[PDB]
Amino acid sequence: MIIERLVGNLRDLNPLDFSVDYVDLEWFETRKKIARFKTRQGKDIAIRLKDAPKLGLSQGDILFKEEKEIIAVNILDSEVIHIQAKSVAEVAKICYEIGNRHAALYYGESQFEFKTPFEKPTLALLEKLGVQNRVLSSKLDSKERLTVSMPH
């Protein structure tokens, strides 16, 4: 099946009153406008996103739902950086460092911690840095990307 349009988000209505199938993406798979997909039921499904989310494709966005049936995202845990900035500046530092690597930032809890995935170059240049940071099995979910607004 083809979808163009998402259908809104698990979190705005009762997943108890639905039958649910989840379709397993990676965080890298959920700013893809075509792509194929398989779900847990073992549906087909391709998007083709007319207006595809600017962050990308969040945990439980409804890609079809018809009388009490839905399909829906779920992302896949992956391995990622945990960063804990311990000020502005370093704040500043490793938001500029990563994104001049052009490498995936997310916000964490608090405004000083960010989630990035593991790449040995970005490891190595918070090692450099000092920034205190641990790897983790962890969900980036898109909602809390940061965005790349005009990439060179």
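Rigid core (definition): largest C-alpha set, two forms, superposition within 1.5 Å. Numbering follows the first chain given and starts at 1. What changes on going to the form deposited in another entry:
- Only one entry in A35, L126, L55, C95 has its C-alpha moved by 2 angstroms or more between these two forms when the rigid core is superposed, and that entry is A35.
- With the core superposed, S137 shows a C-alpha displacement below 2 Å between these two forms.
- In the core-superposed comparison between these two forms, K86 has its Cα shifted by less than 2 Å.
- After superposition on the rigid core, the Cα atom of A104 is displaced by less than 2 Å between these two forms.
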The other form holds:
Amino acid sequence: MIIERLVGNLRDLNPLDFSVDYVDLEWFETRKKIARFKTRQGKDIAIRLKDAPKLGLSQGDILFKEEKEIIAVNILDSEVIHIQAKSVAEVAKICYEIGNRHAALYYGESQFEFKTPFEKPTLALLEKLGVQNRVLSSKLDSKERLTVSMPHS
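Structure of the form deposited in another entry, given the form deposited in one PDB entry:
Only a single chain is listed, so you will not see partners or other molecules.
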């Protein structure tokens, strides 16, 4: 197929009025800029993305749309620690710490909330900081990722 740019995103429309086939990406695969995918319905579709979003493909991103037929990115659920801060200071401590670990971090709905992939040591760290948290199955959406602009590799 060879898609070089997105068509838009399912958020723009009422999805039920369309028939939608998915490419299932794992949260860690969304920065893929050139790759072959077979869809959920078995269609082979190529990606040579000229200007990919810096952060990755997000839930809903439409790779192909013809008439009522859509092919959209879907992001698979993964085990996640949801973090709930109670102060600006604790927001800073968490983000600094998780930063020092090079672990992925995602904005939640509240600027005191975050999500990060479940790892026993991130869990242990949070417990040591006495930060309210819980483990659950959830979606890490590329548009909510915190950036790393000058990482030491």
